[PDB]
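One chain follows as structure tokens, the form deposited in one PDB entry.
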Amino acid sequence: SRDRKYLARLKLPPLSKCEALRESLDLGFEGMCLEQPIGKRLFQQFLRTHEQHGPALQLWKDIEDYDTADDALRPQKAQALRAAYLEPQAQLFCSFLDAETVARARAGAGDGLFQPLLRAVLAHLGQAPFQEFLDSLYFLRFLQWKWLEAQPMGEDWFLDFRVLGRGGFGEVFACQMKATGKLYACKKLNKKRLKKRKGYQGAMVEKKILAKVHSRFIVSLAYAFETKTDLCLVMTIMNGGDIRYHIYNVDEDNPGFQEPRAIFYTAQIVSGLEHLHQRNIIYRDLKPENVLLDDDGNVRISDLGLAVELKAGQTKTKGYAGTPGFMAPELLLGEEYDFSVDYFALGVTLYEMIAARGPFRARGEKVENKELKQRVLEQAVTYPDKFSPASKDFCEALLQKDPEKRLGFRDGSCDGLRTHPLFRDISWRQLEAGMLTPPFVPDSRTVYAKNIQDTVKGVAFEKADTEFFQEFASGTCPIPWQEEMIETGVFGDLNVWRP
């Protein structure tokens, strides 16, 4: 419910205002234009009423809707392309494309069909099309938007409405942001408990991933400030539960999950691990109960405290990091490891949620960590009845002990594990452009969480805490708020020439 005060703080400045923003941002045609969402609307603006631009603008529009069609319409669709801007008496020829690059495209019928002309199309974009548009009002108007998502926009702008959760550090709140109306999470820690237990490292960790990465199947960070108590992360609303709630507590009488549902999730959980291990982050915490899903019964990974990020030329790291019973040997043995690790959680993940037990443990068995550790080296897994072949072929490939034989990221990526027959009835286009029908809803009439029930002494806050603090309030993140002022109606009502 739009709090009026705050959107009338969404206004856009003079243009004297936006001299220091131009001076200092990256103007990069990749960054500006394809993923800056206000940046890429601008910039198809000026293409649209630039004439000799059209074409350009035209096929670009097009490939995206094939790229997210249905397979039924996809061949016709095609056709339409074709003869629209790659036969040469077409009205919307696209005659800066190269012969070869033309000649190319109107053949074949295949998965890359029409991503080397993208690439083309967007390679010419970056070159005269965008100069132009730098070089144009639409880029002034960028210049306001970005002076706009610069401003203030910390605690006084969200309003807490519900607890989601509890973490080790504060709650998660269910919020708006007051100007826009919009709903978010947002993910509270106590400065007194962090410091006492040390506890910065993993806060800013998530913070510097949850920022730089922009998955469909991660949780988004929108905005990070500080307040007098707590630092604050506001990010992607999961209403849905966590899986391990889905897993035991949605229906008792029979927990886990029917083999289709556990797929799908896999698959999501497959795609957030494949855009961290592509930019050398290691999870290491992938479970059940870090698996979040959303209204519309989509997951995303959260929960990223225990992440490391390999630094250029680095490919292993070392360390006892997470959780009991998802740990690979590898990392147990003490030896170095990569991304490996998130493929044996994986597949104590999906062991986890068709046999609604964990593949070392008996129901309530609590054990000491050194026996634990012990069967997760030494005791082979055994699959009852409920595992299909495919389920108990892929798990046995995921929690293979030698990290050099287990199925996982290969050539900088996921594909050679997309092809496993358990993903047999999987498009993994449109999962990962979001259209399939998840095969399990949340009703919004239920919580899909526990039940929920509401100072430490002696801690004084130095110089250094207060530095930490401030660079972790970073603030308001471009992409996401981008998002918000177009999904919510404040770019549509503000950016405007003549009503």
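Just so we're on the same page, rigid core means the largest C-alpha set that superposes within 1.5 Å between forms. Positions refer to the first chain, counted from 1. First, how it differs from the form deposited in another entry.
Aligning the rigid core between these two forms and inspecting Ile218, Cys94, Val121, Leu372, the C-alpha positions shift by 2 Å or more at one residue, which is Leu372. A displacement of 2 angstroms or greater separates the C-alpha positions of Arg361 between these two forms, with the rigid core held in common. Once the rigid core is overlaid between these two forms, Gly334 counts among the residues whose Cα shifts by 2 Å or more. With the core held fixed, the Cα of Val447 is displaced between these two forms by 2 Å or more.
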The other form holds:
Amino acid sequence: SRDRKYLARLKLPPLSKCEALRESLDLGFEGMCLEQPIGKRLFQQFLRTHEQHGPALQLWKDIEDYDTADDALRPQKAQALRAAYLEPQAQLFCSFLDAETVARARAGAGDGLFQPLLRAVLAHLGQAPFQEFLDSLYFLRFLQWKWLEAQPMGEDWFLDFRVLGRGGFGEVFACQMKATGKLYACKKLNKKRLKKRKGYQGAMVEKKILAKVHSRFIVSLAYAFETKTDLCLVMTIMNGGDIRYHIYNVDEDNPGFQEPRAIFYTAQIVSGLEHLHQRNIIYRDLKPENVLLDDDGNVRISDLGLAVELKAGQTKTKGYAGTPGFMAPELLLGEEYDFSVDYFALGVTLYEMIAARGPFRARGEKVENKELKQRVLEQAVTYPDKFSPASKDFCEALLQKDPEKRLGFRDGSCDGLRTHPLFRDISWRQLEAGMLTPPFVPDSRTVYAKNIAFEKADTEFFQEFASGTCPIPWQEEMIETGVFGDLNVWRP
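After the form deposited in one PDB entry, can we look at the form deposited in another entry?
All you get below is the one chain by itself.
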């Protein structure tokens, strides 16, 4: 799948070419060695080759391993961890730690056992070991990768191979990054039609939100660029398409998802919504057609074209935006609103997943926006026997017409909502890491995709929009596809 010609442009530069990055990059520990996948990998390689750091690195790795392990393996793991690093006879005893820290980590039993230990380990690693890393070859090799990350990688680097859909949103293609073979979805916005529909500012707002979030539960933006005709956003491809299709069109006679599958998607959508709300962004368009499914069985939220970022000291907004059937009463009435709107839409979405109809409209019923609006404002929802008591109760809590009484985001988090009995069987710590096996695994639908004067103000906007490569996704791609391993070899 890799193409030779583009793979050959991924060459590490001479060191002298990296002297300007060295001045201008943020070189803090958390930002470089914890948050950037290449930074982390290179930091850990430095630790592994410096025997004095062996215990700190192996303890670091063993805590991450513990944090994502199946419930049945945690006793034996927390025993092996303690014996290797914490007990007085431990072969890899971590003597940079406080006696208190070692004490507490040897006691304790519940969730987040070792989270305090981990903070201590990362705190230690950010002092002398990090300073030694900055004076090593490994740090320079990080600057070389960062120089590469910053090079031009525009339309030429992507091969379009299938049309996924066209409409007012632009056109979306399945495409392949030529050097690595990685598959992506590319959304293309026609520059002329965009100017004439005065959509510059909306498009920019969407791109910005996508660039600044980084969640496994939200489609990722990996590249933003321009062509002569289009502005282009290269993002995670979700091979299953939208979940609405799956609710109705897979078992046509008996549509709807089984509860475990519905619950698992809800949990992933809640994780996505929390990520946005913690960054002061309101999504405003949650519905089944904008929740996408991949062929591992996981979902992400997509279509961030109606989303708003709240400004400094802003807790509410106004503005009529959404999809009829999913907009909360407070929005339909023209009031100010906050993150609450997305929780009502969540309620509606879960209802549909289980019932294969919405709470206000029978399957296939045709309702004009006025008749729908008055149903959302006045109609009490009923629940068929198809709903368990926990799914009914969760749904009632989200469908509260008064946002003051609705379940949602409280005290900076969704942790309140995570405690509802609906989610009693979800291991959030494995969900967060992508390590919880989905209750259902679908087939890919990529084969159902069919084959393939501006002013200076227009120019400057396009070029600002075309900000290029996003660091974190690019580092992921390089590691995942094996390119990092191949180009980072010291002696074959």
